[PDB]
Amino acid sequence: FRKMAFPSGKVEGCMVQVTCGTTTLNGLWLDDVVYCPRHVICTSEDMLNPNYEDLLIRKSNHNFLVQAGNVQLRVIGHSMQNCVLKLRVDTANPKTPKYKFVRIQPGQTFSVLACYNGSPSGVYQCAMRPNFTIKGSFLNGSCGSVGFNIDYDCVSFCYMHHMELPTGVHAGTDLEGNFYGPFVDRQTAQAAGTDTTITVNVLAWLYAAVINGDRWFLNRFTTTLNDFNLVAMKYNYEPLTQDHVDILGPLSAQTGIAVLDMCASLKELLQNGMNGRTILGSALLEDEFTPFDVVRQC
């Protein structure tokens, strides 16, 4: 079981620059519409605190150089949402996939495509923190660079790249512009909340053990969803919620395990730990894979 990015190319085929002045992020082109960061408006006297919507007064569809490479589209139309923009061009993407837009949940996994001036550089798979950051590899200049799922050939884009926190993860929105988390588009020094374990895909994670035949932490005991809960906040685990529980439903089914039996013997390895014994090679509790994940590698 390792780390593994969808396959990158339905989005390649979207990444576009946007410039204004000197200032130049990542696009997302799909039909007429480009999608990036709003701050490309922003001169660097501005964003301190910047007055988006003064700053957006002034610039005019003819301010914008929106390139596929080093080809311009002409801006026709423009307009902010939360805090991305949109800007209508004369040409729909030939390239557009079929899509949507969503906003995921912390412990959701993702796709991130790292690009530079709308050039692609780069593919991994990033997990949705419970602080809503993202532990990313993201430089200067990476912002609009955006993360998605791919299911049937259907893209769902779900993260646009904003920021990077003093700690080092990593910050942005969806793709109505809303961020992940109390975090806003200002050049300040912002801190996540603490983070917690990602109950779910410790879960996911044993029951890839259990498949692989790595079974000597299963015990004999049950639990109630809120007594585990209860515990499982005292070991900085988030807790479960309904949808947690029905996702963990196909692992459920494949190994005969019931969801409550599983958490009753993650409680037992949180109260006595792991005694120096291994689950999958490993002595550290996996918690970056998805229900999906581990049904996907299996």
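Positions refer to the first chain, counted from 1. First, how it differs from the form deposited in another entry.
- Hinge location among 194, 54, 213, 48 for the rigid parts moving between these two forms, by C-alpha fit switching from one part to the other: 194.
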The other form holds:
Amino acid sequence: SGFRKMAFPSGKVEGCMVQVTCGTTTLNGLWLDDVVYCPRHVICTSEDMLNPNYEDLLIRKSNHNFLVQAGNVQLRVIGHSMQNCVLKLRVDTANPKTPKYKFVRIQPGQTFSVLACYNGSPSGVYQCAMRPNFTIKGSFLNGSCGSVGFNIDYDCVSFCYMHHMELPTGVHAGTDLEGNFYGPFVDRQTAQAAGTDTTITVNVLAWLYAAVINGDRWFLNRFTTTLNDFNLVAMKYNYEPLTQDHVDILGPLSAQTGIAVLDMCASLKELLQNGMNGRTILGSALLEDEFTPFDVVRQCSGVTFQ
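Just the form deposited in one PDB entry so far, so send over the form deposited in another entry.
Here we give the lone chain, stripped of any partners or molecules.
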């Protein structure tokens, strides 16, 4: 047993990261079949990012203005298009290491693994969540742009995120692999407000179950509560409203532990109103919201991939 923030194994995605250079700027791209995907601001210098006209800037460029590297191999570019905020560089050779894959647009609260990359080479892997305000709290130095986030379903990689920028407030924003930003953000160096963020209530509940499964039980109380009365305490503390769909997703976990969902809510209430007392749950002194109910079950049952 034991419980850890685990990322997916990253082999299938390492064989897809390439380096993309256009004039001065270099970042990471994703080579699937015979298309390379990367952030379109690869075509801006530092001054352009103040106020870029992306169509005009791309017109100054031709197929040979794009240097695409995969290890020491160089790919030839023979076609280039702009889909929303992503560049699609049509290359001549299809990636021998292309996995089976989907492009997926995820929902807030969902989690994914990130392969942080620099110069087209993988540096590390970690799990993070799409916040309710469509930002991610990641780890992205200069040149990490074009790093991707992904889930794996046995054989199939579901690419859901490409990193584009660090906001002035230090959090991170990016697109799906169709180039549409998550959230109200744009690829422009300007002041951009992320909204008010809140805590992913259904994730916190999934993590309290994982705690019960692993022996940590001091927070279990005799009280109970109702859905509407729990929601009144949720909004006092900046937690998402719990819906019946959320109660249903927590169904299996409810069945394995024998603790009904609204009983777990009443435990959460008293943690919210009284704190943790200087105690810990699963090694943490805060309420953790970066595990989905599906994550908890995968880790607690031993689901593999390959």
